[PDB]
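Participant: Residue strings, one per chain:
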Amino acid sequence: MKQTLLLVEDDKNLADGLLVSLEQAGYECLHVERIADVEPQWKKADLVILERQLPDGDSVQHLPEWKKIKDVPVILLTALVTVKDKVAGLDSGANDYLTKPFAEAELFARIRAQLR
Amino acid sequence: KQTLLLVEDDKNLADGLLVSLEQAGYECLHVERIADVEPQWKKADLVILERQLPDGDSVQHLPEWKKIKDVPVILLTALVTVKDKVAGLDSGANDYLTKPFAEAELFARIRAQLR
Numbered sequence: 001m002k003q004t005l006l007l008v009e010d011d012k013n014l015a016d017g018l019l020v021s022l023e024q025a026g027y028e029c030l031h032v033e034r035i036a037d038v039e040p041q042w043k044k045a046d047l048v049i050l051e052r053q054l055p056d057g058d059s060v061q062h063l064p065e066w067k068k069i070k071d072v073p074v075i076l077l078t079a080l081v082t083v084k085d086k087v088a089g090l091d092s093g094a095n096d097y098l099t100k101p102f103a104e105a106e107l108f109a110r111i112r113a114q115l116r
Numbered sequence: 002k003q004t005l006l007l008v009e010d011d012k013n014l015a016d017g018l019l020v021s022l023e024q025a026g027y028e029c030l031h032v033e034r035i036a037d038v039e040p041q042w043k044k045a046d047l048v049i050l051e052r053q054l055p056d057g058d059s060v061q062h063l064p065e066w067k068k069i070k071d072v073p074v075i076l077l078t079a080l081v082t083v084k085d086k087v088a089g090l091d092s093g094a095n096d097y098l099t100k101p102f103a104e105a106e107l108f109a110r111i112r113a114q115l116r
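Chains as they are written, first to last, in the deposited numbering: chain A, 1 to 116; chain B, 2 to 116.
Simulated from the structure, these hints should not be mistaken for lab results. Possibly wrong hints are sitting among the right ones.
Said to hold, decoys possible - Interface residues of chain B toward chain A, partial, derived using beta-carbon atoms under 10 Å: (1) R34; (2) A36; (3) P40; (4) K100; (5) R110; (6) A113.
Stated by the list, open to error - Straight-line distance between alpha carbons at most 16 Å, and here's what the computed EDC-like set of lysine to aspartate or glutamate pairs gives: (7) B:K84 - A:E39; (8) A:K84 - B:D91; (9) B:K84 - A:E65.
Ideal Cβ positions, reconstructed from N, Cα and C, are used throughout, including at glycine.
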């Protein structure tokens, strides 16, 4: 009875703070820190908050195959901020692309838009 | 064909933008005021919507229009703050792109909303 967000983030300090705000807002959260660990949790998520710069590669390269598993909204959240990065991320299947540093208020609003 | 409705009173911007959108294979409808939006709404597969129009702020009218038809809406404006973005998105917009923008980014975001 809560919408489940999958957060894929290897910056521990950021995820720590973000997960508290998301949980306080009433979301159920799953936290993964590597590309190798995304698939087992993918089907449980109602929306994926996905960083690109992960310890085992670039998640945008794996996003099309994840989309084949389940078509959930995906918001890329990364410090790869150029227009070329954004075009690459969105054309690989992402529904939105929020740059780091970001405002939690914007991330919350973009989550709502994807789940309405 | 996929039909785009552009709501833009900056004539020079719309002029150049409409040429790129038509060249990419989209059919385009151009509106320059809020009063001229409703008749075109139902024809659009996606609305590219500026906020700052001669007859007001379209964010005030966006919830109304969403009740007519739930079309993808990308706000395109120079109201660039988090407060503006939050207000725009919570009023029903699916995406919010700030001015100045890159046509390449807008094209990708148009694709994301229509797939």
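Participant: Checking each numbered hint in turn, tell me which of them this model violates, lowest number first.
Facilitator: Violated hints: 1, 2, 3, 4, 7, 8, 9; rest satisfied.
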